[PDB]
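Enquirer: Now for the letters of each chain:
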Amino acid sequence: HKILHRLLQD
Amino acid sequence: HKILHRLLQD
Amino acid sequence: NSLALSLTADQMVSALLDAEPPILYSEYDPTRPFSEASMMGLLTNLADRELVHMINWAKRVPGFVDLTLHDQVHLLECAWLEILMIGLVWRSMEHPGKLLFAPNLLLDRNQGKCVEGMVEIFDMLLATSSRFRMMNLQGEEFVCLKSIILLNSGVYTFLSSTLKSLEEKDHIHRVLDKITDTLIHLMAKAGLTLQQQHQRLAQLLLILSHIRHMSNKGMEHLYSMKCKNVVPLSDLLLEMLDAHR
Amino acid sequence: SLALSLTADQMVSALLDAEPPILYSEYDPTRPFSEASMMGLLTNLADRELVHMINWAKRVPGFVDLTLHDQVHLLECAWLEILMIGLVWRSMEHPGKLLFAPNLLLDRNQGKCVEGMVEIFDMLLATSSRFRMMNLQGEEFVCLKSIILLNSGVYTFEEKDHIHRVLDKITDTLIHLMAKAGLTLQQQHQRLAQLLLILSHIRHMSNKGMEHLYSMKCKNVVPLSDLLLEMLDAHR
Ligand SMILES: CC1CC[C@]2(CO)CO[C@H](c3ccc(O)cc3)[C@H]1[C@@H]2C
Ligand SMILES: CC1CC[C@]2(CO)CO[C@H](c3ccc(O)cc3)[C@H]1[C@H]2C
Numbered sequence: 687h688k689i690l691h692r693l694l695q696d
Numbered sequence: 687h688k689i690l691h692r693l694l695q696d
Numbered sequence: 304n305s306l307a308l309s310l311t312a313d314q315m316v317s318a319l320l321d322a323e324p325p326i327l328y329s330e331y332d333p334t335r336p337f338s339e340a341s342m343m344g345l346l347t348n349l350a351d352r353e354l355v356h357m358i359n360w361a362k363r364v365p366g367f368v369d370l371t372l373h374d375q376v377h378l379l380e381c382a383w384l385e386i387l388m389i390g391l392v393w394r395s396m397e398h399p400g401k402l403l404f405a406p407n408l409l410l411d412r413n414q415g416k417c418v419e420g421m422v423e424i425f426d427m428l429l430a431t432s433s434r435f436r437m438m439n440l441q442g443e444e445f446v447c448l449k450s451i452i453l454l455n456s457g458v459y460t461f462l463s464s465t466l467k468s469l470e471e472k473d474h475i476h477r478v479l480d481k482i483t484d485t486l487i488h489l490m491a492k493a494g495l496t497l498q499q500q501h502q503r504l505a506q507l508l509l510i511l512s513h514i515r516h517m518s519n520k521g522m523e524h525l526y527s528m529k530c531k532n533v534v535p536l537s538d539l540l541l542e543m544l545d546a547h548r
Numbered sequence: 305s306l307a308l309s310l311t312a313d314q315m316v317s318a319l320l321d322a323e324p325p326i327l328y329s330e331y332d333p334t335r336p337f338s339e340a341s342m343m344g345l346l347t348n349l350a351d352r353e354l355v356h357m358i359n360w361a362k363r364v365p366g367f368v369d370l371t372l373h374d375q376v377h378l379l380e381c382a383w384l385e386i387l388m389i390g391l392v393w394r395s396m397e398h399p400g401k402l403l404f405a406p407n408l409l410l411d412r413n414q415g416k417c418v419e420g421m422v423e424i425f426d427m428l429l430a431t432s433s434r435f436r437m438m439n440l441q442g443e444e445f446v447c448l449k450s451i452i453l454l455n456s457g458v459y460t461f470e471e472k473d474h475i476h477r478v479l480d481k482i483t484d485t486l487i488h489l490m491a492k493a494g495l496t497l498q499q500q501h502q503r504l505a506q507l508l509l510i511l512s513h514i515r516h517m518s519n520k521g522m523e524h525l526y527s528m529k530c531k532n533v534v535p536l537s538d539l540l541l542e543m544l545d546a547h548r
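Protein chains in written order, with full-length UniProt numbering: chain A, 687 to 696; chain B, 687 to 696; chain C, 304 to 548; chain D, 305 to 461, 470 to 548.
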């Protein structure tokens, strides 16, 4: 789980 | 003077 | 199967300028002398907000979308502070002796003394900014440099999960080569001889090693401040930090 | 002056001629590895290499035209990047291995003998693999190593402008090498960039290695030589 993941995924 | 200094002067 | 390679130099430049993130403000409040806690809160709050716009910028860098999620993540984790820093140095170019963190947060080196150990980092950023203004760095060259950092910094640390041997990343190197081509085009277009083109290409890329050095020093300084836990860092900022140490 | 009046060919010969020798380690194979002994081998080797490196620097065109103070600073900044670029170069034809000395070739598995060291070995092994992919030439290697000496401390100290004119001469020399090898103009600028971008990774590894070395100094695993200590303390 990473904030980066959802920011990238949008 | 440091070691490097004198080795550079040699 | 990547649009990036089909772009002409003009198209590459245009796409990169179009990708640029906005300039953000710091939280207004005229209350002066900053304290250590105040300054760090301001700088980390800012960087946290810049990070969100950096992700959007990254996704608009030709060739970045073609990578897997995990590769995108690895590249951003490696390069985020270098990218914030070169951005900062760029913004600060036309204010010699000062760092333009935001339009309403213009700091001199004396103000770096507010935070223990920060002035060293301030001094390196200011030297980089003078170096850029002394080279007459252009906006078009800058966006090329910033994208090179995104794609280059983490590229040699794609190691296989077991055995940890270097996975070769042909796509990324091809895009990097396209950006190099684009930089040379800009220099030719500005009227430089071939010799001046190659000389200037080298000068600009050598600065990226200084920018790497500053990122590593800043990363250690950041980690030091979170250990003393003066400032509360956003979870995003902590995760980016945690990717290094 | 002198350095600025060299032909590209003359630059290459000068740099080639100045190369230091490859030293042997005191590795005794009848001596089981421990964290303390491996660290002792590696730092004793580094210590001896520094003496040759200091005398190599004197022979890099332009270097002795700098003040003694500037020479000291350049070497203090770049010494570990230079040892590391030499290491990776030496290791290039031994995939999976770091050739610290001809009698000391180490695996990543061997690096695990020292805490925190394996992540540094991995970065060095990856750099060696990159050199292999690019087919780095000896003439390109000596240029890059000289670029590191002159570039690494240049923005953290006029004669500073002298340093950049010599750097430009070395750039000119790399291009000459590439034109002579048959590369097109496009290929020449592209390989030039590829070579200078690895300096960013070399800096990174040097940064990391310096923190690892310092953590070993504080842990008192093995006695550090006086020169190595001074080279290390120049970074903090
Ligand atoms: C992200 C940073 C946080 C705090 C610092 C010292 O701990 C000082 O600020 C640096 C910074 C902040 C915002 C930027 O846009 C660029 C660098 C950089 C540096 C680590
Ligand atoms: C000078 C050094 C001593 C011990 C190390 C562990 O911290 C591993 O060895 C490194 C080294 C030694 C000799 C070389 O030619 C290159 C790197 C480097 C350091 C990372």
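You may find that some hints are simply not true.
[Stated by the list, open to error] DSSO-like mimics (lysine-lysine), calculated; alpha carbons at most 30 Å apart, straight line:
#  : chain 1 : residue 1 : chain 2 : residue 2
1  : D       : 492       : C       : 472
2  : C       : 531       : C       : 520
3  : D       : 529       : C       : 520
4  : D       : 416       : D       : 492
5  : C       : 520       : D       : 520
6  : D       : 472       : C       : 531
7  : C       : 529       : C       : 401
8  : C       : 416       : C       : 529
9  : C       : 467       : D       : 492
10 : A       : 688       : C       : 492
11 : D       : 531       : D       : 362
12 : C       : 401       : C       : 416
13 : D       : 472       : D       : 401
14 : D       : 401       : C       : 472
15 : B       : 688       : D       : 492
16 : C       : 362       : C       : 531
17 : D       : 472       : B       : 688
18 : C       : 467       : C       : 416
19 : D       : 529       : C       : 492
20 : D       : 529       : D       : 401
21 : D       : 362       : D       : 520
22 : C       : 492       : D       : 492
23 : D       : 416       : D       : 529
24 : D       : 531       : C       : 520
[Said to hold, decoys possible] Just a few of them, taken from the derived set where beta-carbon distance is under 8 Å, the chain D residues facing chain B:
#  : residue
25 : 355
26 : 356
27 : 370
28 : 372
29 : 380
30 : 533
31 : 534
32 : 538
33 : 542
34 : 544
It should be emphasised that the hints constitute simulated quantities derived from the structure, not laboratory data.
Think of the CB as a built atom: it goes at the ideal place given N, C-alpha and C, for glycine as much as any other residue.
Enquirer: Indicate, hint by hint, whether the structure satisfies it.
Expert: Hint check:
1. D:492 x C:472: Cα-Cα ~28 Å, so holds.
2. C:531 x C:520: 17 Å, holds
3. D:529 x C:520: 19 Å, holds
4. D:416 x D:492: Not OK: residue 416 of chain D and residue 492 of chain D at ~43 Å, beyond 30 Å, violated.
5. C:520 x D:520: It holds: about 10 Å lies between the C-alpha atoms, which stays within 30 Å.
6. D:472 x C:531: Since the Cα atoms of residue 472 of chain D and residue 531 of chain C sit roughly 38 Å apart, the hinted pair is violated (cutoff 30 Å).
7. C:529 x C:401: Answer holds: residue 529 of chain C to residue 401 of chain C is near 25 Å, not above 30 Å.
8. C:416 x C:529: OK: residue 416 of chain C and residue 529 of chain C at ~18 Å, within 30 Å.
9. C:467 x D:492: It is violated: about 36 Å lies between the C-alpha atoms, which goes past 30 Å.
10. A:688 x C:492: Roughly 43 Å between the alpha carbons, so the hint for residue 688 of chain A and residue 492 of chain C is violated.
11. D:531 x D:362: Given that 30 Å is the threshold and the Cα spacing comes to 34 Å, the pair is violated.
12. C:401 x C:416: 14 Å, holds
13. D:472 x D:401: 39 Å, violated
14. D:401 x C:472: Given that 30 Å is the threshold and the Cα spacing comes to 21 Å, the pair holds.
15. B:688 x D:492: Violated: residue 688 of chain B and residue 492 of chain D sit about 43 Å apart, past 30 Å.
16. C:362 x C:531: Outside the cut-off at roughly 35 Å; violated.
17. D:472 x B:688: 23 Å, holds
18. C:467 x C:416: With Cα atoms ~42 Å apart, residue 467 of chain C and residue 416 of chain C exceed 30 Å; violated.
19. D:529 x C:492: Distance ~52 Å between residue 529 of chain D and residue 492 of chain C Cα, so the pair is violated.
20. D:529 x D:401: Roughly 25 Å between the alpha carbons, so the hint for residue 529 of chain D and residue 401 of chain D holds.
21. D:362 x D:520: Judged against 30 Å, a Cα distance of about 27 Å means the pair holds.
22. C:492 x D:492: 26 Å, holds
23. D:416 x D:529: Roughly 18 Å between the alpha carbons, so the hint for residue 416 of chain D and residue 529 of chain D holds.
24. D:531 x C:520: Holds: residue 531 of chain D and residue 520 of chain C sit about 22 Å apart, inside 30 Å.
25. 355: With Cβ-Cβ at 7 Å, under 8 Å, it holds.
26. 356: 11 Å, violated
27. 370: 10 Å, violated
28. 372: Given a least distance of 6 Å, the restraint on residue 372 of chain D holds.
29. 380: 7 Å, holds
30. 533: 22 Å, violated
31. 534: Violated. Min distance 19 Å.
32. 538: 6 Å, holds
33. 542: 5 Å, holds
34. 544: 12 Å, violated
Hint compliance for this structure: hints 4, 6, 9, 10, 11, 13, 15, 16, 18, 19, 26, 27, 30, 31, 34 are not met, and every other hint is.
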